[PDB]
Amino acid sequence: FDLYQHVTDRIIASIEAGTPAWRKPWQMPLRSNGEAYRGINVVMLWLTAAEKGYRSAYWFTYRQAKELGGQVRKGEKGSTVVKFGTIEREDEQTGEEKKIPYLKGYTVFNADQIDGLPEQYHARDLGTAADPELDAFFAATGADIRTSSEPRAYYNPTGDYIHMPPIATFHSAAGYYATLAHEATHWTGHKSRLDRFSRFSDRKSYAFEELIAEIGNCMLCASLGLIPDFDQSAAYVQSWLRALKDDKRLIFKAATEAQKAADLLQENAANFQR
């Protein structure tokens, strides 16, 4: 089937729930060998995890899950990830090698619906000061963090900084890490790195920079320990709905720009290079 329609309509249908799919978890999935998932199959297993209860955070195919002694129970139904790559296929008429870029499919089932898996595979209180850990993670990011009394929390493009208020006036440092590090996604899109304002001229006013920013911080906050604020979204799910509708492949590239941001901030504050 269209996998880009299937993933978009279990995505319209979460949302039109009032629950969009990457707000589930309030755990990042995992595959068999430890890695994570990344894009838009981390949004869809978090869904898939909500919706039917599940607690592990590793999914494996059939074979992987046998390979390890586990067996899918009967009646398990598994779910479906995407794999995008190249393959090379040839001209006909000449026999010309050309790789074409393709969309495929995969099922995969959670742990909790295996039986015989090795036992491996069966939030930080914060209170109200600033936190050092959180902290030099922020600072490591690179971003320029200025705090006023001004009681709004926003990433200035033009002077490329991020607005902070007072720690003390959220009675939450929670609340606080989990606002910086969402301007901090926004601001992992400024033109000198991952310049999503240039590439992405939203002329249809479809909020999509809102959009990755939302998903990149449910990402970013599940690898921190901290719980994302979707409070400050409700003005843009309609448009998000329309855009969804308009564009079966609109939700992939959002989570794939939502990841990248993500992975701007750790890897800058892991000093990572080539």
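Rigid core here is just the name for the largest C-alpha set that superposes within 1.5 Å across the two forms. Residue numbers count along the first chain shown, from 1. What changes on going to the form deposited in another entry:
With the core fitted between these two forms, just one of 146, 193, 104, 204 shows a Cα displacement of at least 2 Å, namely 204. Taking 2 Å as the criterion, residue 161 does not count as shifted between these two forms: its C-alpha moves by less than this amount when the rigid core is aligned. Relative to the superposed rigid core, residue 85 undergoes a CA displacement of at least 2 Å between these two forms.
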The other form holds:
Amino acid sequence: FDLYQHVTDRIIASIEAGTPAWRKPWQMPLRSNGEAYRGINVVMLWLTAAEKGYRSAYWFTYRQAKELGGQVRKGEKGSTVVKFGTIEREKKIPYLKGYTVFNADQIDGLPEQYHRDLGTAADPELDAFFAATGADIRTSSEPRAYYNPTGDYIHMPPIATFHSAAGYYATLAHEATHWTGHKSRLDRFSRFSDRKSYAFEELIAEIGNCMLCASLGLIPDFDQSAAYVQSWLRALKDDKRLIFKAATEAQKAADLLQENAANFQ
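Given the form deposited in one PDB entry, corresponding form deposited in another entry:
Next comes a single chain, given without company.
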């Protein structure tokens, strides 16, 4: 009946139940046109695909199913994704409403199309991605990986100390996600830092890093972020639209990375 709550409570459950929704992939969800879902809806459809065991990336509405050449298997229940309708004021103002979609594995008769390994060394195509992001990446024998907004650079340790390029680039993807949201770019940090503002950042960063790593073929590192799920639980309980604001920032952090990395002069 209430959307923000309804969605926040699914996410609060997943956290308690073990895995927060957005970690569940370890294929990104698509609409009937091939356009990928964004933001909070990627998160929601991921948890939904895990919880119902879906193999397909595609989600349809009853309308999209029927008038495409198919039928929603009766008994099948959809799940709630997010979008905007309009109210009039003086086709005018947007407002957030939910809606129901069904995965392709709940549907019969749909058309035909509908259903790596990196060692321990530098990878050229990954190196080109992060070089094309624009990020000051500095390397030093200091054994910590971090983003310093004050200098505005990412510091990686040396790749060989990782004994895993997959571990090396996931960590970099994570820092690249933080690197967005410096004042010159996405403008996301708190002004005055504390246990709450670090908690928000690394949640945006986490959700965002899953989104990034899904595209780059990497696996996110979740050891580093075990001390926060409680603040996330607390903040998610006290604020029923907080998860929407995080997922929107997260998607913007992934978008900025990939868009820069394709800024072909």
